[PDB]
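Next up: just one chain, as structure tokens, the form solved without this ligand.
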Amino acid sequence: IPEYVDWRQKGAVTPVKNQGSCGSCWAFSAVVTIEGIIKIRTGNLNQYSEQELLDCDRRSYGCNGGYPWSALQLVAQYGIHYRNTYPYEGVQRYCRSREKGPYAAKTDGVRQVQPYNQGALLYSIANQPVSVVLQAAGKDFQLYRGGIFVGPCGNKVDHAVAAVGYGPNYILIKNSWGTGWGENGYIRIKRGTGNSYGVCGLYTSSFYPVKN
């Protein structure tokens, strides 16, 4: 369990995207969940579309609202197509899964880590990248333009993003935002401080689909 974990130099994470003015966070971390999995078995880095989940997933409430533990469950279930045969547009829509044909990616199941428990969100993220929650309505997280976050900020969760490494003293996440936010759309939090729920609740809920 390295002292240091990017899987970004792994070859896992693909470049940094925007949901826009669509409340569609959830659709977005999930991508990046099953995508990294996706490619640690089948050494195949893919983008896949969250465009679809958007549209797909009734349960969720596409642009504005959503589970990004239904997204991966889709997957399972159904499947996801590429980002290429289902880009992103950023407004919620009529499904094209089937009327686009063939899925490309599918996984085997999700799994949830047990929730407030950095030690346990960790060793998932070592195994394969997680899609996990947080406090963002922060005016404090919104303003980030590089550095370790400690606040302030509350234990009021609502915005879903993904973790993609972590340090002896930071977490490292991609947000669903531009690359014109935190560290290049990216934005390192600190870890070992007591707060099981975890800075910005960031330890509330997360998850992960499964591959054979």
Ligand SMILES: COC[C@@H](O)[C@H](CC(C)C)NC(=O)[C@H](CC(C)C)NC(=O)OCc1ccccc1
Second form
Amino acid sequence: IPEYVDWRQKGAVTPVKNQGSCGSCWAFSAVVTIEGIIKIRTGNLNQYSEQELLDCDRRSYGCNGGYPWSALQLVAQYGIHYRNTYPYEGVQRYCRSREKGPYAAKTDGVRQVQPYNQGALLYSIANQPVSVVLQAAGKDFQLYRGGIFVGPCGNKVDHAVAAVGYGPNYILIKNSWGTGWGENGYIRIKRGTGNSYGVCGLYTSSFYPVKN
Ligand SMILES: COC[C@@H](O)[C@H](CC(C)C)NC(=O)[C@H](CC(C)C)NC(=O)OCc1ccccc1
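So the form solved without this ligand is up there; where is the form solved in complex with this ligand?
Every chain and every other molecule in the complex is listed next, the one we just looked at coming first.
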């Protein structure tokens, strides 16, 4: 695998979304990977529906956090709709899936990256973006604003986000707090500190969609 990886220059990642009061992170996380895997496969980049997972995942908790591996499972059974087709309201409203017609895309599977292992997490990122979790409950993360983030932060992972790249001493992360946070909505969390947990918890749970 290469030294550097930045999915954005491969035309495989879309503009930074904001999630608002909703604990929709999981959806926003799972969607970045789907958008990426498909462009990687097909050749076209299209925004997908976070609101769709948020409303149709029976195993998550709507605006009260959820499990990106279940939402990612959701898009494996049925599929996902374009973003304009089923736009983001930011409140959980009933499952308007079928009532919208035929899904925009569907994936072959979901998967787990061996946890607490910064190496597996790099093999994977070098194929397509991946769902990753961390800790943002802290003032430092909330107040981040550029440069390589090192902390301080615990390992009490809450927030869900996506990894769209890496370099020698950082893992490029796409977060959903707008473009007026971090590096235009992005954050470069440092890697290679030996910590088996990863900075802020970055290696506690990682999943990605399979697409033949
Ligand atoms: C008041 O914060 C308490 C928290 O725990 C929760 C986090 C939860 C998602 C785990 N809230 C936040 O992090 C807030 C609010 C929004 C943007 C999510 N984020 C935030 O303030 O960062 C965005 C920001 C951007 C530019 C200037 C100042 C702040």
